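Note that one protein chain of the assembly has been removed; the remaining protein chains are unaltered in position.
Each chain gets a letter, A, B, C and D, in the order it is written, and its residues are counted from 1.
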Amino acid sequence: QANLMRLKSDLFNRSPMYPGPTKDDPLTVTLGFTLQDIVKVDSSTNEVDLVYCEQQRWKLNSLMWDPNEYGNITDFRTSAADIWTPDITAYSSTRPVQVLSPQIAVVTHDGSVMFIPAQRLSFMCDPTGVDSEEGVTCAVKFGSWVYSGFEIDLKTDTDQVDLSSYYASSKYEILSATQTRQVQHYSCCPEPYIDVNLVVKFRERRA
Amino acid sequence: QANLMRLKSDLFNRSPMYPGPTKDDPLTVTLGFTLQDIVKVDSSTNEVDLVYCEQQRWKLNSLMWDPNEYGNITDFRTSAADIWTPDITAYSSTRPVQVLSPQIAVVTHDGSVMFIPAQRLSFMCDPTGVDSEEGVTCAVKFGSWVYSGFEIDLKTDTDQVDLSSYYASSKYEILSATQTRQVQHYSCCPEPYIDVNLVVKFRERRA
Amino acid sequence: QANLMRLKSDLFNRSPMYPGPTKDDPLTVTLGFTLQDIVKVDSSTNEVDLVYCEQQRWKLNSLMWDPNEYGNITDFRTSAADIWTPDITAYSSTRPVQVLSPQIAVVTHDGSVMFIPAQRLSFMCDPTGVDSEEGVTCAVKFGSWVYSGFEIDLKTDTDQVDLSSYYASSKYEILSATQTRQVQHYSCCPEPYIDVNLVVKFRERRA
Amino acid sequence: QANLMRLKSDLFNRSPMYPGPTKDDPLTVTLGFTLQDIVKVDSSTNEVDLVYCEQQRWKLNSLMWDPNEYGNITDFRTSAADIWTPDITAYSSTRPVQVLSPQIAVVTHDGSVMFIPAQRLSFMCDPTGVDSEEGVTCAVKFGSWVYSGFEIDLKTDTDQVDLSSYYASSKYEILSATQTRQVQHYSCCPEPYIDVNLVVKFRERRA
Partner (left out) sequence: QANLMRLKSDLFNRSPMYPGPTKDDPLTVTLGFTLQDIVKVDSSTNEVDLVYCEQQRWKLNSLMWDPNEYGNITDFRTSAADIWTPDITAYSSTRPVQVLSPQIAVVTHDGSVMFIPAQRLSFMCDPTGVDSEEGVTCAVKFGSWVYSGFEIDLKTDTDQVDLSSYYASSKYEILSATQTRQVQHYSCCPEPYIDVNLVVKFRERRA
């Protein structure tokens, strides 16, 4: 307990709160979605509700340590409010995202962080054709709200969304689920922003 | 990281928290709207729900710095709770506005600040005629709640709302969307308050 | 900025937080309702939802200053969390009141404060007869929850509720709207509590 | 203002925050109910919503003072967050209780406290027979969640609920409303826990 208490104290005191990435000190966040359920489809407003886990990984030099200096501690768990986190946002939500899991991250001696928030998202989607054989396709972009491609870059380990935890008895069955990196420009800003586009084809499951 | 940490420290210590504008030190906020979706229309209460982005720009001498003094840093991202922000409010909302994006602003070396919150608004609007060819027209005023024209002035870059991000498969199609600056008087107060009037003409989209 | 920064600093440091009124140091709050809309009527639970602005005015010796001592500053805007505010409560609400406007007050050199919160209230009201020619009458009392008449007194500038901002295309039209001061006794307490009774007669508006 | 400011300062500084009652230092809380309205009855989930006021009273030696030492101040109003309050909980709620009134208590020089929160409760209740002549009976227990009889005891002044403020035009009329002290044992714990059982018989009101 003493060693971890010391490590946590030293990582916090060694330097003030990390000010986020810069053009000169950029960061690459690895995103990966685990789609658990398509809960609701609303045809009167064209909103669809998803339950998923957004897996996030990044590395920070400021969170690095030598295990030999801190009782061979290789990693630890900490509140996500105690460390810097990326501002990964759904670009087309219709409601504030609901967080379903504790806000705790895992920090490793190499400075790498893993943070997996489970969330419920309500986003823009016309479900017309959900009841058909072909089903309906809907997409939502995820990325930083304020950091461009020069400050925050995004990466995926695979183009395939994890469906190994998708609720079998859900009202909707998944025909396809894709997560692909893309670089866009916006009216507000001159720099190119980067995002992970979550595209999911689904239909009503027969009882 | 060191340079930005220093800049942020020096900008905060240079003077206590900015007390907002005054008659003697007025401010001009540039407002612009990017209408993403008309989510819901409720004819039983006469409420309409919009999803949009509110681009806000202002300039503060207190936030100015020389990039040559801080490792050629030209701008930075910071929590909107760490800086003064204008109190732009919808004058005719029926629910507390829901914030859909992170509360982070961008501050530039000339002292200018850009903050683009994404929000969901539920406001007063009779939708009667939404299903007709002509559609229905509804308006909502945005402006400071406590600062008059002598303290906060508002400006737009264009009278035409940004519709380049409007959800194509929305239940409602946009016939027209306008943003106009106007100056009004109220019973409470002797000074003229200024606002940006968002007027949007819309109808039900055919499948 | 310097003068206002100084005034605000001196007003906070000159004395600890104001402990509220007392029998020995009583206060008079001026109440005034601007009814903007009757949003919803629910006949299955007998609840009615209103959108209104509650103008509150009071004077405090502790908030007084000499403009000649602070660069001819006659007034300033401040967060309502930074100053004492009265606990004006609806005595018959069915839901926690939703605040629709920023929590900012205007303080003047004579120690007077003006605070205008915009709110949505869900209160006890049987709407039977709303569809009739005569319409329905419903009332809700507003007053301090813990302070009696000896500590907080209430006053109105007119017995007429401001209807100049009432939404024209509302589902309900106003036949009459009154705000009267009244003094009552309760089982709990020996002292007389005072309230402002909001009485509004309304009916369904024809297209 | 000076005397009250001083009293409140001295009451806070004389000793650290009160750690709650103990077997050695027990406390007796007096509960009372003022049932204002039976808002909703839901037969599809078996939930019933009440709007009531809970009068709570207890005495603490730590909150005692001599009025002659503090400008003949006999009592004062304070935020309920500034003092210890009991964990009186509804044992069978289906939703987190909504607080409708400000969280302010009244403290007297003898150390006695009075706190009357107005709340909306959604609790377990099968309404089958609400439309009959006999009506339906439903009950909800109120007690401390963590303190047993040896630490917190409960008392009522009357066994009759206060119905003098019950909304006349409510959808439901009260046939009977009782508040009775009872002592129970639970599977978790060996000590006897004490509660106040709120039993109310009601039916649908005829127009």
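Going forward, contacts are C-beta pairs under 8 Å (C-beta built on N, C-alpha and C of every residue); 3 or more make two chains touch, one makes a residue touch a chain.
J.: Could you tell me which of A:45, A:55 or A:112 touches the chain that is not displayed?
T.: Going through A:45, A:55 or A:112 one by one, A:55 is the residue touching the chain not shown.
J.: Touching the hidden chain in the complete assembly: which of A:64, A:106 or A:139 does that?
T.: Checking the options A:64, A:106 or A:139, the one contacting the hidden chain is A:106.
J.: For the chain that got dropped from the picture, name the residues of subunit A it touches.
T.: These residues of subunit A touch the chain that is not shown: 1, 4-5, 8-9, 34, 36-37, 39-40, 49, 51, 55, 71, 73, 76-77, 98-102, 104-106, 114, 116, 118, 120, 162, 164-165, 167, 169-171, 207.
J.: Since one chain has been left out of the picture, which residues of subunit D touch it in the full complex?
T.: Counting over the whole complex, subunit D touches the hidden chain at residues 15-16, 18-20, 22, 24-25, 44-47, 62, 87, 89, 92-96, 124-126, 128, 145-147, 151, 187-188.
Methods note: only the chains that are shown with their structure count from here on.
J.: List, in ascending order, every residue of subunit C touching at least 2 other chains.
T.: Not one residue of subunit C touches more than one other chain, so the list is empty.
J.: For this entry, which pairs of chains touch?
T.: After working through each pair, the chains in contact turn out to be A-B, B-C, C-D.
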